[PDB]
Amino acid sequence: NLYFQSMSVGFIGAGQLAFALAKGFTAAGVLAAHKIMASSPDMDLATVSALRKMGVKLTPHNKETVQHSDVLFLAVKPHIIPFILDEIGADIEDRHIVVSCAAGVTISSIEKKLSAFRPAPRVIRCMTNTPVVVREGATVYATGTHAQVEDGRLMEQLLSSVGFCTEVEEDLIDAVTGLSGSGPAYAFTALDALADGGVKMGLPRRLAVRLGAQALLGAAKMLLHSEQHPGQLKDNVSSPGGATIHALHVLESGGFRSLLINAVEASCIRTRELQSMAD
Amino acid sequence: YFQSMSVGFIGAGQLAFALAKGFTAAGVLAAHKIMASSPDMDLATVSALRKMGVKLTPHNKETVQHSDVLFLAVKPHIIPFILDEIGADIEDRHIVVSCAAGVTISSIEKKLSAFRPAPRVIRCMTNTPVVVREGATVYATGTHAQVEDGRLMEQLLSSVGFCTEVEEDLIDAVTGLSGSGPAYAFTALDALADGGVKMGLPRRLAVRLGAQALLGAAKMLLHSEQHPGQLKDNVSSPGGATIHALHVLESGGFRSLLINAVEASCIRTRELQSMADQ
Amino acid sequence: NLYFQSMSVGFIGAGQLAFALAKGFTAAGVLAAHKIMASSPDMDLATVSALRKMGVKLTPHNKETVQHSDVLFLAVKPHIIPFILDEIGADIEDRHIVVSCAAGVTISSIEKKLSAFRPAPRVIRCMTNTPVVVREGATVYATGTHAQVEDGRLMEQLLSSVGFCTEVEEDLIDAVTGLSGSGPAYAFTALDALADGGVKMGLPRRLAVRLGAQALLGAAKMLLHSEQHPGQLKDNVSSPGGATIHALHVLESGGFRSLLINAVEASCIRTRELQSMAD
Amino acid sequence: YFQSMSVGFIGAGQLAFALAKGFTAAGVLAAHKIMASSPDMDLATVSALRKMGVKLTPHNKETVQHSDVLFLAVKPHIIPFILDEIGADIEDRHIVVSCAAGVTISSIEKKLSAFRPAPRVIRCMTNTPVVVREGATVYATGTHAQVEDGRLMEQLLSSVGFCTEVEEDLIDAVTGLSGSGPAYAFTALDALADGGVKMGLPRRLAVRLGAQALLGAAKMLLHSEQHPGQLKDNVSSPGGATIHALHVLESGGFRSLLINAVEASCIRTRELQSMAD
Ligand SMILES: NC(=O)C1=CN([C@@H]2O[C@H](COP(=O)(O)OP(=O)(O)OC[C@H]3O[C@@H](n4cnc5c(N)ncnc54)[C@H](OP(=O)(O)O)[C@@H]3O)[C@@H](O)[C@H]2O)C=CC1
Ligand SMILES: NC(=O)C1=CN([C@@H]2O[C@H](COP(=O)(O)OP(=O)(O)OC[C@H]3O[C@@H](n4cnc5c(N)ncnc54)[C@H](OP(=O)(O)O)[C@@H]3O)[C@@H](O)[C@H]2O)C=CC1
Ligand SMILES: NC(=O)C1=CN([C@@H]2O[C@H](COP(=O)(O)OP(=O)(O)OC[C@H]3O[C@@H](n4cnc5c(N)ncnc54)[C@H](OP(=O)(O)O)[C@@H]3O)[C@@H](O)[C@H]2O)C=CC1
Ligand SMILES: NC(=O)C1=CN([C@@H]2O[C@H](COP(=O)(O)OP(=O)(O)OC[C@H]3O[C@@H](n4cnc5c(N)ncnc54)[C@H](OP(=O)(O)O)[C@@H]3O)[C@@H](O)[C@H]2O)C=CC1
Ligand SMILES: O=C(O)[C@@H]1CCCO1
Ligand SMILES: O=C(O)[C@@H]1CCCO1
Ligand SMILES: O=C(O)[C@@H]1CCCO1
Ligand SMILES: O=C(O)[C@@H]1CCCO1
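Residue numbers (PDB author numbering), protein chains in the order written: chain B, -5 to 273; chain A, -3 to 274; chain D, -5 to 273; chain C, -3 to 273.
Hints in this document: simulated from the structure, not taken from any laboratory.
A hint or two may mislead.
Take a look, some chain A residues computed to stay more than 10 Å from chain C by CB distance [what the hints assert, rightly or not]:
(1) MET37
(2) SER102
(3) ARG199
(4) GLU267
Derived contacts from chain B toward chain D, CB cut-off under 8 Å, selection only [said to hold, decoys possible]:
(5) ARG112
(6) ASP186
(7) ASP190
(8) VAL193
(9) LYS194
(10) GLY196
(11) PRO234
Which chain B residues stay away from chain D? Per the calculated CB distances, all over 12 Å, these [stated by the list, open to error]:
(12) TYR(-3)
(13) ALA22
(14) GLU87
(15) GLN222
(16) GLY225
(17) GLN226
(18) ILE255
Ideal placement from N, C-alpha and C gives every residue a C-beta, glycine not left out.
Next comes chain B alone, as it looks inside the complex:
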């Protein structure tokens, strides 16, 4: 177990991801809010104000975030990453671990930029998701060419405080993006629709929202704690001739399964395009 409670963390970008991670870390108690600095050009944004009330240091100056930070998260859109690297590359020091969270952007492209200024930049690529805000994120990371022995362990310890975290080979991360990165939006869509179905059949909206969300949470937790296949868990719900198997039929008749496959594929493929676009 590595000690990191005293280190300073910075976010280039002060948007949804910066807020979600900063909220998760502080709510986990593993970092003090004043250890965190975030920067963006527009300092009148809603996420910036949300970060403000949390106690995070805010500035328009990306260089200040770099000078403040030990671990530096890149939390801008993919096409902005190369501009950021040109802007702050000269301010990267030997102490810095650069953790890119941008969809699609390769370690190789980041190291190429930063190596123009200083050899051996310590780079880690991450994909996470917004439920880090409730400490139930799904995070993977890959270590770059010059990442020190314990840089990967440090990032795993830090990110494990706000959800599941595991090291992966970098060539998996675009597919992770399509599954758990975009995944919450799939779930919010599903929850909205399930609530609509509950309302159609006579439930108050607030109850339908609560029951749907609790059903999804409980089922997901069951699967995480089970050694059983999701199909077996499915079999355990449905009684012969019963209500559940009738509902499963109408899902199958609409190709429900194929739509979720389509979604993971579409997000992964778009992620690969966001890299060739920023390239």
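We have chain B already, so just place chains A, D and C with the ligands on it with the hints.
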């Protein structure tokens, strides 16, 4: 808080195991204060209840005599036969909690009232995630259930997940939403994992990531004051990977399928309510 | 607020957009009709005659419009824009603000043409829509390379008199075109169909058109004045088991949402396509 | 013009709140002339209505005693219970205005006439945009409504939107069109915003632009003597962006989905009543 109270299950299958495991993990009931009965003493769910410390028997009358709260955890078409069997054994102290999909309070009271008047009946709809103490449960109180009977039930079932009282005429819809709900999620998680596998993830990792993503999103919604659509908006950046995937969901009518599912399960439950009452 | 009550405005092109803007500006009382001039090569057109009855000055000669104008709107079709710039480029003076309304046409292409004649053309690109004719348009604009300090402020002040107006980065305007530029046609199609539905269920056509249009106007205004997500207002107004949620289901079963996404995307892509051909 | 008139709401939900707020914003009633009652009123609604100047009570009989015009703004299956509760308290002066989907004048008059003959009953269908004074309202007059009662109703509801008299047999169809209409619009605006976001717009800007486009287009049609198809033709330049988007709407049967929606809501409305009768 629930010291001295005895609980019994008529039926020893998926739901009886789930509830018994959840109650005992919650510490609200000692396993030996729980008795379950089913005809086949060799079944797998009875094997695990035994290892859990739950008293087991093949005779439904033993469960009735042991219990204060009596859970009916048999299939809907088996309830009328159970009530015929144990009807003469219902005492004044008993609270009979039917878990069966579609079986109406009216049908249970009519059966039991032939043996002794004022049976205290509660109908509930729960789901299998009570086994990890994250269930979703509603209940409706019967004609002769005392107000404190509904309160006791809510406190007991709140130990294993969300629990709230509803009017009985909403239980069919709840069945279609949170009762069948886990099966929709297991289907979705299997398909999401297939999608991860297609794009190059190992199956075990894809399952873990998809399930963690669903759990985290559901917790976000429960801990948020905000609309699911608002949370959808907040997490879909312009031109990004997520909004591209949302479009292909929309093009297949994803939302309508989940509406169809809740409706289909509810309507089938109503057909079961009509069988119970006819 | 800038004093511009006395300035002169010109339209190259005397068609649907020139009429809608001139009608909105004069109805707002911010420009006098005799301070507006519009040109097109055919002087017996219906929009020309409509502009005529409004008191706008009309001419076949684009050079006359340029010489008349302080603010010069380009309201010709996208493929006509480069010919106009070649025609009038030598007549552009220091006083001129050139406001292109053409779908897809980039500030860069306009400045490149005009710069061959005189350096530092003051260029603004906008996207608007025909409801400026009832002073409820939706307008965005981006400022060009040589736009002076108050050129953007002037154009926002002018266009705010006929609807919503805000500055954007130019790279958003093709998307805006697919949303609020083409938006009114989506609405007219929807209103025709809703009225057909009213008629099928027994309403006189005139009443069905009136009710459908009032419903759409009121709902849009409700959303604009609420601090609410449209899904929340959908949720709030629906009732369990009720008529609305049954109708929402049949919309969903048809993939209604996906069609509107398809439309915005198709209009935006077509807008981008035409400009790639122009380049 | 309604110097002394008092208005009551039985119910305090989405519709009662929207009408009370629209009437308040219109300034058509004197101060403290609105009362609303419900049995378990959400505290956020209590707070909002109280700050607005609206009187509140859990007792429906008190609303009746307060009111000259009494709006019934409860769910359709709740209407007959309300009529049984308040029927003995209806007075000569009262105009009872049912807002409930599906519920016929006939059924209301039969309930009320058991207590006192000649209840003055009006049935309306409106929509939540009355809250911004842009509602769409129709009404039908009952058997004993005096002719001036329908005139008063029209003048009152005209202060918060369009309002016109119809035969009662049109109201279920109106419900499917302008009653449910706003929900169709909110769905469309959410989808249009998703489309703007997909093509690169910030969500907040996409929502603002889509809503403004819808508002402006609707106002154009209301202020035009032309067919919506003709207004469509004026945007659709040959080979242009708009006609390309219209094609993909047509390829998905966009128009038929909206016809399906109006039909489905109207048919369900007829079931919200054929079940009650
Ligand atoms: N949100 C999610 O669900 C997840 C997102 N990600 C990744 O995180 C990154 C950001 O996503 P998200 O936070 O959602 O996007 P946001 O739009 O919410 O945040 C973007 C931030 O970048 C800021 N920014 C823009 N230009 C600069 C600049 N030159 N220097 C510094 N900051 C700048 C913006 O400020 P302004 O608005 O003022 O330009 C805004 O604060 C993306 O690459 C995405 O792939 C990864 C996992 C999950
Ligand atoms: N599983 C779920 O997801 C949920 C199910 N429910 C309801 O719970 C009830 C049971 O569900 P589930 O547990 O899944 O079904 P199972 O089939 O898994 O368990 C059924 C049990 O009933 C027993 N049984 C059959 N006949 C008798 C009898 N005459 N006397 C005593 N026990 C008997 C069976 O024993 P044997 O195997 O020996 O026949 C078995 O132990 C159903 O009514 C269902 O609607 C409600 C919410 C969630
Ligand atoms: N209509 C809309 O909904 C919106 C349109 N726009 C943009 O506005 C521009 C015009 O659109 P719209 O007004 O609809 O198209 P119209 O066809 O209605 O008007 C086009 C005008 O250009 C005139 N014209 C053709 N050649 C010349 C020329 N060489 N010199 C001067 N005028 C000429 C035409 O005259 P003749 O008929 O004699 O050729 C006609 O008066 C387009 O670029 C479009 O993208 C932007 C937002 C909304
Ligand atoms: N929502 C809409 O878009 C439109 C709805 N309508 C019609 O308006 C009526 C109400 O709809 P809506 O306002 O949406 O429904 P809501 O559910 O939002 O409001 C229902 C109201 O009825 C109240 N209520 C329930 N029982 C009683 C009672 N015994 N005495 C008094 N009040 C009671 C509820 O009380 P509590 O506050 O205690 O829960 C709540 O205030 C319906 O008939 C609907 O058809 C018509 C046009 C538009
Ligand atoms: O299909 C069934 O019978 C049960 C009821 C609710 C969960 O699945
Ligand atoms: O939509 C996107 O591009 C990012 C990546 C996954 C979460 O949201
Ligand atoms: O959904 C319903 O039943 C009501 C009537 C129309 C507006 O919402
Ligand atoms: O269809 C077109 O190309 C024009 C321009 C954008 C609005 O409608």
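Hint-by-hint comparison with the structure:
1. Residue placement check: A/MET37 keeps its beta carbon more than 10 Å from all beta carbons of chain C (closest about 48 Å).
2. With a cut of 10 Å on Cβ distances, A/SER102 stays outside the contact zone with chain C, its closest approach being about 19 Å.
3. With a least CB separation of 30 Å from chain C, A/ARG199 remains clear of the 10 Å interface cut-off, as annotated.
4. Residue-level check passed: A/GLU267 sits 18 Å from the nearest beta carbon of chain C, beyond 10 Å.
5. For the restraint placing B/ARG112 at the interface with chain D, the shortest Cβ-Cβ distance is roughly 32 Å, beyond the 8 Å limit, so the hint is violated.
6. The beta carbon of B/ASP186 is positioned within 8 Å of a beta carbon in chain D (closest approach about 6 Å), and the interface hint is therefore held.
7. Look at B/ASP190: its Cβ gets to within about 7 Å of chain D, closer than 8 Å, so that hint holds up.
8. Hint status for B/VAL193 relative to chain D: holds, with the closest Cβ pair at about 5 Å, below 8 Å.
9. For B/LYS194, the interface hint holds, the least distance from its beta-carbon to any beta-carbon of chain D being 5 Å, beneath 8 Å.
10. The beta carbon of B/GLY196 is positioned within 8 Å of a beta carbon in chain D (closest approach about 4 Å), and the interface hint is therefore held.
11. Checking B/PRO234 against chain D by beta carbon gives a least distance of about 28 Å; that is not within 8 Å, so the hint is violated.
12. No beta-carbon of chain D comes within 12 Å of the beta-carbon of B/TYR(-3); the shortest separation is about 43 Å.
13. Consistency note on B/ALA22: stated as away from chain D, and its beta-carbon is indeed over 12 Å from all of that chain's, at 29 Å minimum.
14. With a least CB separation of 33 Å from chain D, B/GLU87 remains clear of the 12 Å interface cut-off, as annotated.
15. Distance to chain D confirms B/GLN222 as a non-interface residue, since its nearest Cβ pair spans about 33 Å, more than 12 Å.
16. The non-interface label for B/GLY225 is consistent with chain D: the shortest C-beta to C-beta separation is roughly 27 Å, beyond 12 Å.
17. Non-interface status of B/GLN226 relative to chain D is upheld: no Cβ of that chain comes within 12 Å, the nearest being about 31 Å off.
18. Every CB of chain D is more than 12 Å from the CB of B/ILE255 (nearest about 17 Å), matching its label as outside the interface.
In this structure, the hints that do not hold are numbers 5 and 11, in rising order.
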